[PDB]
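Taking the form deposited without its partner chain, here's one chain by itself in structure tokens.
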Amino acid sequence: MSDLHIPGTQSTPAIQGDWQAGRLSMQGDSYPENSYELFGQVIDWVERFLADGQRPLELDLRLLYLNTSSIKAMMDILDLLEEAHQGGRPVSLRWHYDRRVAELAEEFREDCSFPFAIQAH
């Protein structure tokens, strides 16, 4: 029932899991030394949110640089969402970026069957 709240740092993104709104938000860069230490709890929170109810989950991402292990961690989250979506769970994602090509976002989008908006600002 609790929210997820990871404060951002120079090398790790700020992450907010809003349980009641069914919103998972992330902002910043992600080049931690140990990405599963940072994202394991996020994967867990998403798993629990999907298991404890039927409400929709929305991801709102404002991620900048992602190192290799962070790319793998996000693919794991997206794969959880995709599995849930194929089961009929409403899932949607917004990927914000500043034009000043979102190539990584487009590659992730090709792996997802739920609405996945790549949005310049």
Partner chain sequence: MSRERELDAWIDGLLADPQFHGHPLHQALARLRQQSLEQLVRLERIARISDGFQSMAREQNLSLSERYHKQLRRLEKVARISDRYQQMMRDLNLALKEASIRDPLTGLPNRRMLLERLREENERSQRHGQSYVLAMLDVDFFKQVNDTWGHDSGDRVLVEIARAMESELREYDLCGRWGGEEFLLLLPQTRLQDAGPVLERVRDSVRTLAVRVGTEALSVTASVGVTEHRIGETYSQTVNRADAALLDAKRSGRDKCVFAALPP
Contents of the next structure:
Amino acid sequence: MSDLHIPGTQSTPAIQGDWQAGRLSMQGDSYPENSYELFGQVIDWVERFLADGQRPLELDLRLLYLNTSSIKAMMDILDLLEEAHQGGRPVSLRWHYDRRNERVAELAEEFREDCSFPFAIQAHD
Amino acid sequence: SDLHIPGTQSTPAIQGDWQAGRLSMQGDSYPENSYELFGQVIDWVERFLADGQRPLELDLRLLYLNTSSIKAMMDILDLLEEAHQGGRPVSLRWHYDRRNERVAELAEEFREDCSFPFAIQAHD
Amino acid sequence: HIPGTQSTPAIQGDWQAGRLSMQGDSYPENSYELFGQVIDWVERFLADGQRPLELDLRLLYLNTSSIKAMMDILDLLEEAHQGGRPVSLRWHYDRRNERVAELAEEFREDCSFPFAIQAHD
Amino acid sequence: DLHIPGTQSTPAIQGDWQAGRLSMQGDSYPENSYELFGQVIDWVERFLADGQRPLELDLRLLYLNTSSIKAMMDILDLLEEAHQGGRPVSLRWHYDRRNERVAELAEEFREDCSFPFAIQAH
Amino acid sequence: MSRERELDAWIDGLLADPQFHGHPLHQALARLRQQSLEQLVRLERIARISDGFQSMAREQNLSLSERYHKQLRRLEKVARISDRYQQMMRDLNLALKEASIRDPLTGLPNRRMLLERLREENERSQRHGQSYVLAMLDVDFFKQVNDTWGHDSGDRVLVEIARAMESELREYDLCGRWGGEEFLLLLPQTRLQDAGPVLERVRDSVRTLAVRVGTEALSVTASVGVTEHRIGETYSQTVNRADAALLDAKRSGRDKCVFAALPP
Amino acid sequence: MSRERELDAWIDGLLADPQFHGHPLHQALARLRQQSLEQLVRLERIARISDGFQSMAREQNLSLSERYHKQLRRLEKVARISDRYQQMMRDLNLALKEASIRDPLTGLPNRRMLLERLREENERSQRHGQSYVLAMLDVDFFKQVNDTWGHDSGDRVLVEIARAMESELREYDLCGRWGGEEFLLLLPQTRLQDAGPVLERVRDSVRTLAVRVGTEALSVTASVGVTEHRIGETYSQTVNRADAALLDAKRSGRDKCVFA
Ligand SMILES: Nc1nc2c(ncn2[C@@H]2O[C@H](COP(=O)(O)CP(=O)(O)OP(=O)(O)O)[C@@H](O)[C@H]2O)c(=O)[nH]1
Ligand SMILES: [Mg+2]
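Let me have the form solved in complex with its partner chain next, following on from the form deposited without its partner chain.
Whole complex next, starting from this chain.
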């Protein structure tokens, strides 16, 4: 069990994994030069959380631009969530976006396509 | 049996010259449907490598490449590497403007797994 | 007409055309149940009246039992050919897969009737 | 003593004269099944004919092609021959628990064996 | 198969027939028929086991194939999503560039563009020695256009002037909006002697324009001052000399085009 | 087997007894022996073909395994290369973004962009230790230009002053519109002695402007105050010193440049 706090930069997102809340939050643009160094600890945190009990896990995303391996990492995380959901664990995801950029919402729809857990695409209002 | 794809604003210009034995591509590559664009290129390359043994040369003047385009280029390169490992003479020349610094190291990544002649060339 | 599944081959016995055609993987669970008709169809045709019989095969994998049934059918074709009956077989295969072709030449070693092992792209 | 080292495609086999045990390990896709398993059958025959001391077989076999299954049935036949003649012989078959199907295949090997035939998870 | 059954049946009849019971070969045949049944069972068993092993291996291989296919998909999906992110980024960059370098009303290049290009052509002049010419054009009596027909009419007039000038320019020449009713022509890698004809065609283009505003068809003239870039001089001093030539055009009566040269 | 051996031998000895030849039980014994040999031959062949089939399958599975792991690495390589292309697209994006916070009238960086650079140069004044030169520049008697000629005109003078000052700067120098007729010039990693020439050139370029209004040509001049960043102070303090210098240049007439 651990709290994860990765400070954002201008090229990499801020990430906060709150173990008591059961919440993984991410904010910002994601152009990491070393994608594994950013996201490996995150995927590991999600795995540890899922293995340590059956409390729910909610992802709270305020992500902007994602480069290719960020996209790949987000799908890896979705895969873990889809497996936990198939097995009875309550998991869920909120994807916030500025309403004035509605292409973003279609991008999120693409991430949601193969997810069967609650996956809410939400404008800031 | 040539291949001619005219180069639009968002898709590259591609000429497969059959008896010259040369595949040439120029421009940005942001294709909306990457299959439609590169499937005929991959089929043309496959036809040429199967039809006999004349040598194949890629001559490229490419600019920005989105992700599906990078993938298709690697597919093409895999075809060339396979033909090279079976004795077929194949070669590639990657042309870039010297001003772009980073283009070269992109190309070098493209070439890391390539046993055949892969030339990266600054051209002003 | 036997519809193929993912583990069974698709089989078609054209009475008028005089053709037995077979396609796909053969891992049947109950090999007799599937191949006994085919053998019954084959011998019913051979006894019915001197029309030529052609086998059009593009099988992929054959398990042990399936190999045994294929040799039974080939035995029928051979005894027919020994009595003057015109019988032929052609085995197509993907060229990238040489291994099947020998295997087909293995099936052919005891056949004196037309046995053509044919490639395709 | 019989000792044949295992390959990528053939099993390691140890026929220990003193403890009186034949052991086999690995996959079995032999190119020349005769050349491989003839030595094994001959060793088993010579041991069974030499003098009433017991034979147990300790098999860690994985995949077996068709001629290998034939060779195994030959060997089991010789073991049941010895067993109905009062010779103490037996076998255990070791298999990975997570592979369901190796157990059922081993049982089918056991079905006409009257000597101790123990199939073993690990 | 037909024959093994036919034979076992014939043997059955033989073994049943009372005339054979007691013969030295009867009992032998019974024993051997039994032995053959056992050998047949052994053969079928062999096959069945073998079939079982191949089913196991197959199941494993189909599992691996399914993974492979998933991977393929994953790759195609990752690439697609990424492609779309990059298309959005591309559209954003295009709009921003458009806003920074193109003039909203006329579509022409703007001051920033011009200046930027003027810097890089001065550099080119330096190294390769190829100069450019500069023509600065100012609409005569535009204020009458605006006062008689409104500023929307003058705007249409400026659009038409832009279209006309761009139509008589070579493909690498640059016609920019320089001011409210001023335009800057940059002819790169061009000398005055070669500029003369192009410039005169540009001025014919503007002169013969007739912009319809309702019931009237407006015509205009432009003054223009033109210079050549003198090497060893900043692009701003070039612009200044073109501008002073424009001033002389304007003072000398309009619909005029004055060149500036250099007394040694 | 061994009982089967003994039975086959007994049977063969029976079959060799000519007294049974032709007997139906003799025929059936012979047919069963022959069928036994034939089944053994058939088995040898079946097993050989089947062995070959599963050898093929074994190699096909090993090939699919290799393909699967090469697929994993290919996805990682595609993503790596793509990320680098997108890094170039991002550098472009940030350039344009910063290039759109420009003074709408003159196209120069605005006050905000001036403050942002000022803070960035204050920090580099620490870590590398070379300070910057700051000049505050003001159009003389601009109010007269606006009163005489109009605001439109004044505005144009400012657009052309921006053109002229920008033309005389070196590569890393920065020219911004502080506000009104006031501009700020920033020369990073420079010190006053190197500054003088460039600042003379910038005043020249303002001086020799000849801005048309209709058929007349305007001449304008600029006063300018100059100083140096004294590290650790705030940009603000530095500005203030440049501003006091400029006020001194205006006190001593027009078209002047005092250092502080
Ligand atoms: N319709 C438009 N009018 C403009 C635009 N920009 C400026 N103008 C008007 O241009 C008018 C041009 O005035 P200038 O002194 O040239 C006056 P005039 O045309 O009479 O020029 P000269 O003949 O050259 O003396 C001026 O009143 C501007 O306000 C514009 O974008 N659209
Ligand atoms: Mg005018």
